[PDB]
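Missing here is one protein chain; the remaining ones are kept as they sit in the complex.
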Amino acid sequence: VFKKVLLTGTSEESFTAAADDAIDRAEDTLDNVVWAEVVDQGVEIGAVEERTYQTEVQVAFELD
Amino acid sequence: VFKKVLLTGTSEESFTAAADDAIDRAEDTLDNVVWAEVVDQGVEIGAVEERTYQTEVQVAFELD
Amino acid sequence: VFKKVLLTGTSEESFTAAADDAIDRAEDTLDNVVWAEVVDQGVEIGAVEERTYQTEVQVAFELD
Amino acid sequence: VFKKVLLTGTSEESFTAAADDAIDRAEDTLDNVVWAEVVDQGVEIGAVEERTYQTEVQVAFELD
Amino acid sequence: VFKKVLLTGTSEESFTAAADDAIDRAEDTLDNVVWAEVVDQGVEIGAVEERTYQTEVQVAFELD
Amino acid sequence: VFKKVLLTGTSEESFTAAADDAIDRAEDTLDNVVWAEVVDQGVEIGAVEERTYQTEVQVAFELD
Amino acid sequence: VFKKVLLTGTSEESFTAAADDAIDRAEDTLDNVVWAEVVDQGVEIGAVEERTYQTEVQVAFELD
Amino acid sequence: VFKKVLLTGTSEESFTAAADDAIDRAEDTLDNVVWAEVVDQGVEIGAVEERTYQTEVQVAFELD
Amino acid sequence: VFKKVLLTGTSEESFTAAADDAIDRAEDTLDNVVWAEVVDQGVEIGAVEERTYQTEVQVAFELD
Amino acid sequence: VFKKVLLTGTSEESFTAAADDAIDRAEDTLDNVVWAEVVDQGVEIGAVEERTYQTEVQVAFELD
Amino acid sequence: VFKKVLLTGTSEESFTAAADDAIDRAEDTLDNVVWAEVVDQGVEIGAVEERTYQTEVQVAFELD
Partner (left out) sequence: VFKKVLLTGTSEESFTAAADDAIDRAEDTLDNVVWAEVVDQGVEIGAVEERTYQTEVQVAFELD
């Protein structure tokens, strides 16, 4: 059985790096992370000093 | 990093109140709740005494 | 077996009340109405005296 | 010919009131507003004093 | 309030059995499981000995 | 001209059998049933003795 | 309250004419037909003498 | 950079002609119109003398 | 077994004719073409002498 | 690099078996078939002796 | 009230840079730009000297 957690990563650099940021967090807290699916991308502009790229991913991990 | 939990709130009054019901529950159990996105709305009719409005939300919270 | 009818309710008050308007009509004409799923919401503005909220629902009822 | 503008209204009260807020703004600035279609709903929580309901609408107006 | 967890069940037999596999896991770990919604189906072919059917479900459970 | 009716079939056995259950009901009541399109699948768990598979289909029939 | 019926019209000429074919049938059988929304278009090729254009519409009519 | 405007054209003749009607209006008011994407089609029936075909398009134009 | 090829037909006349253009090409190169499903429509404007209607279809053909 | 082919399998038995039918055909003609994604399911009723279940899959295979 | 404009940015380098290109243009012409949502990505190949990455964004700005 796989389970997914819905995470939004952030980066001041790129959408790829924002995806990595979410996956990094999943790997800190979960064993057996196997894949991630991008489900949204966006940019925060008017509440941050530098534009912040966001990539939302479903991060799948194998249970057991 | 943000994480989302998928909650369905209920209310005998309105769709807004049902959304609030889900957010209230998230705030009971989670720190740093920042926003909610409505993803579905419906009404339970034929298993309840009064119509029950349901609003499903992804509730986002900031990790750390 | 359940069947669904696709109804758009209207209200001069709210989206919840417009959903109720559709369900009320289903209950006038059908037995065993069990749930409704919201599939669209909108507002009629430029052909009515007061803004009219519309909520489109699939209204499910149990056959037999 | 109709044209649509994509507006997000806000309210501290309800999703209906947030939709009205967007339509009110369109009517301040545009003639011949005829209808609005709801395309998204959400709630701002962690940057405001009170929860703020948001309703995004395509607001249609007739040209000429 | 209901909460959903996003699980992918697997089976070497059928899509129904894969859905059951996810629900079985939810019921091992959660009280008050009430329904599941199928959101995806697929087949793993080129990393397994026998084709493996997968069914992804949102599994809803009632909180409290 | 074809018309579609939106039916949810049920089965304690499988998603295929649930689809058949809806089509069977359509064929009891309608002439010239020609095809069905699956539009949703789910499982009722926490209001039934045995898990109940549901398959929602648009069932098309030819008019005249 | 509005209700919608899901009809597929056919024509050997065009997608517009196929939409008209469905609306014509609705108007034969229903009062107060007010609008139609196109939801699908296709072409039957390998079971007919001439290509047959199909347009599926939700046809809305006002109740009462 | 391209920008899109969301226009609904109308015609008493066809969906193609309704798309053209929107593009014609864009070309009256904008330079460098480059393409249009159809996003919806429908028919107004019960507020007009003759059925009116509508085609909604995103009309793209190049900035500068 | 059916297979689909994803083709975009073009016409200076209409969306129907653009769909036909894609199907014509499929029939030049493939046996047992049975149906086509429209998946997109658009108009090329700013790289052609006359507006060019495009209709994208999945064209299904029976294998063997 | 992976490539996908869009195949509709058929079976007189089940949706799973129809998916298998498409994958079987891909494996007859292609090396390195790795996975399949279900994209549609339906039932042919009024042109066959027995109901025919159809499952449409994107079948992925690794190039080289 | 927020308003969105639908812009396609371009870059010979990356999808992130193409998103930035659209946001840069919005910021040249608009006050109070607050966020952008990615809605499409693509690559122009056969009308340019170098591949051109395109990212379409809804760019939101606060009115007043």
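Observations on the structure shown:
Going by the order they are written in, the chains are A, B, C, D, E, F, G, H, I, J and K; count residues from 1 in each one.
One rule holds for everything that comes next: a contact is a pair of C-beta atoms (placed from the backbone, for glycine too) under 8 Å apart; a residue touches a chain by one contact, two chains touch by 3 or more.
Hidden from this view is one chain, which touches chain J at 1-4, 6, 58, 60, 63. If you put the missing chain back, the residues of chain I touching it would be 5-10, 21-22, 25. Contact between chain K and the unshown chain involves residues 13-16, 40-47, 51, 53.
By our rule, only the chains that are shown with their structure count from here on.
Listed by label, the chains touching chain D and chain I alike are H.
Counting the residue numbers that touch the partner chain, chain B and chain C have less than half of them in common. A separation of 22 Å divides the Cα centre of chain A from that of chain K. With centres defined as mean CA coordinates, chain K is found 23 Å away from chain H. Counting only residues that touch two or more partner chains, chain H has 6, 14-16, 47.
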